[PDB]
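Spelled out from the first residue to the last, the chains are:
There are 4 protein chains.
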Amino acid sequence: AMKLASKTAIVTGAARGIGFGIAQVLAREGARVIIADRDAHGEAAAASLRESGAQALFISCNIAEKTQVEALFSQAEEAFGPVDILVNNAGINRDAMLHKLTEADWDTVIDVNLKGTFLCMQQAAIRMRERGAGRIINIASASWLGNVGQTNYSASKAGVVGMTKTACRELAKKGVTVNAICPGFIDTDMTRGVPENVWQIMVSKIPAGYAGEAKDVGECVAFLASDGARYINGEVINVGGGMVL
Amino acid sequence: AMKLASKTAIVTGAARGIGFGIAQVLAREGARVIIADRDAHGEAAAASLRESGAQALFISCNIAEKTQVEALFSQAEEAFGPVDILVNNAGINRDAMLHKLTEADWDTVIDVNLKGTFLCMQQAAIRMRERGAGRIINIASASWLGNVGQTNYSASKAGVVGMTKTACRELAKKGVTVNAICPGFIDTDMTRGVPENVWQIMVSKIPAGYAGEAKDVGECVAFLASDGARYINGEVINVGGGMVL
Amino acid sequence: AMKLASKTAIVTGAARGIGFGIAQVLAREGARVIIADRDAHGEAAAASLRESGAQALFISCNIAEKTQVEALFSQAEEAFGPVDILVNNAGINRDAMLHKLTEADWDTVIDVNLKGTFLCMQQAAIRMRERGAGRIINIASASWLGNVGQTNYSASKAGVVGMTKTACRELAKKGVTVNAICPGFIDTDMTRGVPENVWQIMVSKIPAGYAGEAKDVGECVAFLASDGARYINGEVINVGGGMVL
Amino acid sequence: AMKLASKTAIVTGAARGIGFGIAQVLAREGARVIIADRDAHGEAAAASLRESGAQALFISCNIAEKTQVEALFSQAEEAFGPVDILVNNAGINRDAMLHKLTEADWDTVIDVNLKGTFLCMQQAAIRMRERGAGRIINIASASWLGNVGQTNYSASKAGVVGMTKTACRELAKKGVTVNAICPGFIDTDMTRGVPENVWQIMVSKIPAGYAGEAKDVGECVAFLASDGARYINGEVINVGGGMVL
Ligand SMILES: NC(=O)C1=CN([C@@H]2O[C@H](COP(=O)(O)OP(=O)(O)OC[C@H]3O[C@@H](n4cnc5c(N)ncnc54)[C@H](O)[C@@H]3O)[C@@H](O)[C@H]2O)C=CC1
Ligand SMILES: NC(=O)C1=CN([C@@H]2O[C@H](COP(=O)(O)OP(=O)(O)OC[C@H]3O[C@@H](n4cnc5c(N)ncnc54)[C@H](O)[C@@H]3O)[C@@H](O)[C@H]2O)C=CC1
Ligand SMILES: [Cl-]
Ligand SMILES: [Cl-]
Ligand SMILES: [Cl-]
Ligand SMILES: [Cl-]
Ligand SMILES: [Cl-]
Ligand SMILES: [Cl-]
Ligand SMILES: [Cl-]
Ligand SMILES: [Cl-]
Ligand SMILES: [K+]
Ligand SMILES: [K+]
Numbered sequence: 000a001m002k003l004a005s006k007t008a009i010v011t012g013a014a015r016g017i018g019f020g021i022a023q024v025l026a027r028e029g030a031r032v033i034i035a036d037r038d039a040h041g042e043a044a045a046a047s048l049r050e051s052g053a054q055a056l057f058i059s060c061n062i063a064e065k066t067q068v069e070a071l072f073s074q075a076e077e078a079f080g081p082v083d084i085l086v087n088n089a090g091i092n093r094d095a096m097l098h099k100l101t102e103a104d105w106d107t108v109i110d111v112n113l114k115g116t117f118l119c120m121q122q123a124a125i126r127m128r129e130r131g132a133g134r135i136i137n138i139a140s141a142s143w144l145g146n147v148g149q150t151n152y153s154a155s156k157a158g159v160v161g162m163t164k165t166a167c168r169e170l171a172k173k174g175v176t177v178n179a180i181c182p183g184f185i186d187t188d189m190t191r192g193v194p195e196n197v198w199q200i201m202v203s204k205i206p207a208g209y210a211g212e213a214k215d216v217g218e219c220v221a222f223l224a225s226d227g228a229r230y231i232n233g234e235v236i237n238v239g240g241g242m243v244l
Numbered sequence: 000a001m002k003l004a005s006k007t008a009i010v011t012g013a014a015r016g017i018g019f020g021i022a023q024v025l026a027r028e029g030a031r032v033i034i035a036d037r038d039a040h041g042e043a044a045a046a047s048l049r050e051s052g053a054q055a056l057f058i059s060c061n062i063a064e065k066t067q068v069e070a071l072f073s074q075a076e077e078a079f080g081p082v083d084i085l086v087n088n089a090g091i092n093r094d095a096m097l098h099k100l101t102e103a104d105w106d107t108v109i110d111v112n113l114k115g116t117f118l119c120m121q122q123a124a125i126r127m128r129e130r131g132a133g134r135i136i137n138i139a140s141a142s143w144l145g146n147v148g149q150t151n152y153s154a155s156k157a158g159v160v161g162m163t164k165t166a167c168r169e170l171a172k173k174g175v176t177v178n179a180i181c182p183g184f185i186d187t188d189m190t191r192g193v194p195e196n197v198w199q200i201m202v203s204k205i206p207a208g209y210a211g212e213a214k215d216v217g218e219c220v221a222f223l224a225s226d227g228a229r230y231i232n233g234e235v236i237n238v239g240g241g242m243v244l
Numbered sequence: 000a001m002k003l004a005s006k007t008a009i010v011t012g013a014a015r016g017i018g019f020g021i022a023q024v025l026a027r028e029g030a031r032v033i034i035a036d037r038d039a040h041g042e043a044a045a046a047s048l049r050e051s052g053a054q055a056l057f058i059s060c061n062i063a064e065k066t067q068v069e070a071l072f073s074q075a076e077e078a079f080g081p082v083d084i085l086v087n088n089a090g091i092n093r094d095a096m097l098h099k100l101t102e103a104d105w106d107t108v109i110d111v112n113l114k115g116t117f118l119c120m121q122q123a124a125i126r127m128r129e130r131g132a133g134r135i136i137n138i139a140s141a142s143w144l145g146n147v148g149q150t151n152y153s154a155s156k157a158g159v160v161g162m163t164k165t166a167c168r169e170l171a172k173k174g175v176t177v178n179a180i181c182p183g184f185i186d187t188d189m190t191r192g193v194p195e196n197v198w199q200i201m202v203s204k205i206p207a208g209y210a211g212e213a214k215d216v217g218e219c220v221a222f223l224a225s226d227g228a229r230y231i232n233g234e235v236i237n238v239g240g241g242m243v244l
Numbered sequence: 000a001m002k003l004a005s006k007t008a009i010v011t012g013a014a015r016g017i018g019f020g021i022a023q024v025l026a027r028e029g030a031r032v033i034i035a036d037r038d039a040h041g042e043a044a045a046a047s048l049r050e051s052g053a054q055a056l057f058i059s060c061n062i063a064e065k066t067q068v069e070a071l072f073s074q075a076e077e078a079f080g081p082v083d084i085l086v087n088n089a090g091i092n093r094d095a096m097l098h099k100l101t102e103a104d105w106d107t108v109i110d111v112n113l114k115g116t117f118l119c120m121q122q123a124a125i126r127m128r129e130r131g132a133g134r135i136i137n138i139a140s141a142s143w144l145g146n147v148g149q150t151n152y153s154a155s156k157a158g159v160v161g162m163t164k165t166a167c168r169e170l171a172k173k174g175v176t177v178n179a180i181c182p183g184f185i186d187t188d189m190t191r192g193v194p195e196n197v198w199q200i201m202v203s204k205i206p207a208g209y210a211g212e213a214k215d216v217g218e219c220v221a222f223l224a225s226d227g228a229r230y231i232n233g234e235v236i237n238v239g240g241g242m243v244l
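Residue numbers (PDB author numbering), protein chains in the order written: chain A, 0 to 244; chain D, 0 to 244; chain C, 0 to 244; chain B, 0 to 244.
Since the hints were made in silico from the structure, they are not lab data.
Each hint should be verified, as a subset may be incorrect.
Pairs involving identical chains hold if they fit within one copy or between any two copies, as the list cannot separate such chains.
[Said to hold, decoys possible] Here are the simulated DSS-like pairs of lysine-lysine, each with C-alpha atoms no more than 27 Å apart in a straight line:
hint	residue 1	residue 2
1	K214	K2
2	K173	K2
3	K204	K65
4	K2	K99
5	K172	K214
6	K204	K172
7	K204	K214
8	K173	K65
9	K172	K2
Just need the whole structure built from these sequences, with the hints factored in.
Below you can see the structure in the form of structure tokens.
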């Protein structure tokens, strides 16, 4: 009934969008969910999961700062014990054409999407490699293989895939799986913030014929986090309705 | 609790090995399973499933002949109703170096592994595209990106991945998902034939440090067959403990 | 002065389109070219190369038939000596939706594009693995990763990529390189035969903004065939102006 | 004749190893070469290219500082005219296991390998988009798809590949090609430091049976930088004797 019962999970950027969708599917499978986010709306997201009957806790955290990541994993374990699942979802966009991208927009996107994902992966690796069990699921983007106006975003997401495949080689023998999910075009506050015509152009590229939901990504994460996906490691699973960006 | 309940699934080459493991997982999820295979032992395989408390039926069929594939879907529907899931696993080996592969061994591997997967996929498409729903899951091989002494096998499995991505672009808008699985080194009777010393050397190369089971491939098939994996389409998922052949 | 000077090369389907473009560039680099094709127009193509000051010979041949492929290499070696370069370009199209592709259109495309490419590669392997030197360049398609209405073509081209990687692993230690080229959309008689709206839709996908020329593919073949590309093996190079089909 | 005559090329980190090998091949093809590196030995490198009868110049430059990258392109064009070719070879290693990598070793590798490549790519894009012609060749690593003890290096090289494909989509219409090269195990003065028993293990992973040379990478750069490779764009070409890291 609940393939993730008795498992603690940390989901970064789970205050809204895809992150909250993953927290909802993990919580539904009986997992204790730690909502890690820099926005105080994460408390409304945790209170929403507890009201549905699940066990959830919000922990304010800027994954770009190592001291806050160390504090995140410390409080999470003092709250729901050992962390068995890590979902690196936290991400941001500062789009610009290569010839216009500012050094500031470059630094912020790489510091959060790439270094941020590194600092979290590291705290999970230090623990999971000793316990001989663990699940690391990184959210990348279909943009990891190129996308106009996303020099900094494609670089960070492509970097997340490289790390995912490196972590697989170092933690696989420790009974840990590290996999990446590349969501195509999902319906969230970020995608609803783009202009009308931009929405239709993207949906016209989706063979399924519609923008995915945050739970579509959550269903794939819940599977990789289960014991049934123990032989899937270092993979990149596209959840974009067959879209080829 | 029974995600595949009320769904009929056809699994080719499921008399023994990986195909039977996939049949056991689909059955465990309360799915009516059809075991299609030339091997007569398939009758004892379907019986083993009816003994576990599931509904199963063996159909002696040669997927290389279109007239027998047309009979497979006809006989499968009048029994358990509309076919919602198709698992193309049937795949034989006739290994030989490129400079010595006989024209006969080539034709046998291609006619069964590639043309066979096409004939089954075609019959599933004619039906699923009208019912506006369906699941096609092709079992290909880590050998699709090359492997010594497998020119005919690498060609066939690489071809299966090519059709998989093509079917995705033609059946996605009809609500049908077409995905492929590439198993690594799976511990089965057929594989427990090579020298034990070569087998231990092969396992030392798997990052996970152990050979997978037929159910490992099944757990992934059961997920792609669920409604929760409706947005995963045209994907190649490796089930080899993070191994790169 | 000329990189491929003193080298004999066989180019299948070099009577027109990409094949003749490849033959023109190889000849420009001082390579003795063997125009292998099933159309008698290859005799005009070979004469056009001899009139340009290069050495060329046409040999009628259906790569689908092994006895005719064996006769091709025999006549090619007694004519210009040992074959140092093999370019598998010969290919056909019998496009149709998965639910309508006839068994005849399936057999013909797989027998030419896949089995035909194999029979040629096999004759090159038998000779090159003994001479300790060689070059095998297979023309695949950007459709190897899927394309609407090309279930048989994608399967055949994907199969060639799989074989390209298998051959690499078996002949790399012999000093032979096996590489594949995936042309995007090249301006030829076949491509100029499709409707005008299809031409604009295909060209609108090319970031470069135009359909490539036959010599663009030939320039890449001339490089892989040189000694400078002795450390490139088992690669899939796209020559489609950055098109992502 | 020489395919790169009258062309100005910038090769970062070309004072030694692969970088200097790339400069030698570009010089041999008649291209003016700007050696950009923090290593003062870059003067002896440029002088060695002038002794061979080519036009070479050394410009001390820290690619992590945008003001020095802006001065590099300014001083480079004032001396040898418009920059037609940009080779991003600059790279460093600060290897460590995921659970040990210091924040400092992470920052220096990302600041030089990823941000450094970005700053140079940006100065090239700003100039090449107005001229309507140009070549950007990024040297990534076989480590972009993962490698033990290289979380930071695999992240920076995978990121370079991500940028490569993004720049392709934004500069293809402007007549500019952006490609990446992934060298496998290359023999350089920066690799003959490990014991031979370590060298043998790495070589047994190379199907070619031997480690490559700096010029094997240079030959591929000279081709992509030629007018004949104008239709190759957004590609990742492996130069590792068919080795799969
Ligand atoms: N939505 C889409 O269509 C696609 C998005 N993605 C990725 O999916 C992830 C989530 O996407 P959305 O839900 O649309 O994003 P969103 O912007 O709607 O929500 C992201 C959440 O991450 C949090 N966050 C951002 N930076 C953070 C940091 N440094 N530390 C902690 N929390 C931080 C924000 O507070 C926010 O709650 C991102 O990594 C995004 O790049 C991937 C491809 C497609
Ligand atoms: N033209 C394009 O845009 C693209 C073409 N390709 C591939 O490039 C190759 C050449 O394409 P095009 O020049 O446009 O085609 P084409 O039809 O103009 O020329 C192909 C040549 O192959 C020969 N041929 C066909 N079957 C043969 C057989 N069984 N034995 C011997 N010769 C045979 C034909 O006589 C013809 O001369 C084909 O393999 C094609 O699939 C792939 C990507 C795109
Ligand atoms: Cl700036
Ligand atoms: Cl920040
Ligand atoms: Cl949702
Ligand atoms: Cl499970
Ligand atoms: Cl033979
Ligand atoms: Cl034979
Ligand atoms: Cl039919
Ligand atoms: Cl530190
Ligand atoms: K994949
Ligand atoms: K490639």
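How the hints compare with the structure:
1. With identical chains, the CA atoms of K214 and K2 are at most 27 Å apart both within one copy (16 Å) and between copies (16 Å).
2. For a Cα distance limit of 27 Å, the shortest separation of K173 from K2 inside one copy, 21 Å, qualifies, whereas the shortest one across copies, 30 Å, does not.
3. Taking the shortest Cα distances, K204 and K65 never come within 27 Å of each other, neither inside one copy (38 Å) nor across copies (34 Å).
4. When the C-alpha separation of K2 and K99 is checked against a cutoff of 27 Å, the pair qualifies neither within a copy, at 47 Å, nor between copies, at 32 Å.
5. Taking identical chains as interchangeable, the C-alpha atoms of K172 and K214 lie at most 27 Å apart only when they sit on different chains, with a minimum of 20 Å there against 31 Å within one chain.
6. In this assembly of identical chains, the alpha carbons of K204 and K172 lie at most 27 Å apart only when taken from different copies (11 Å versus 39 Å within one copy).
7. Taking CA atoms no more than 27 Å apart as the test, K204 paired with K214 passes inside one copy only; the shortest distance there is 21 Å, against 31 Å between copies.
8. When the C-alpha separation of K173 and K65 is checked against a cutoff of 27 Å, the pair qualifies only within one copy, where the shortest distance is 24 Å, while the shortest distance between copies is 42 Å.
9. For the identical chains of this complex, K172 and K2 are intra-copy neighbours only, at 23 Å inside a copy versus 31 Å across copies, given an alpha-carbon limit of 27 Å.
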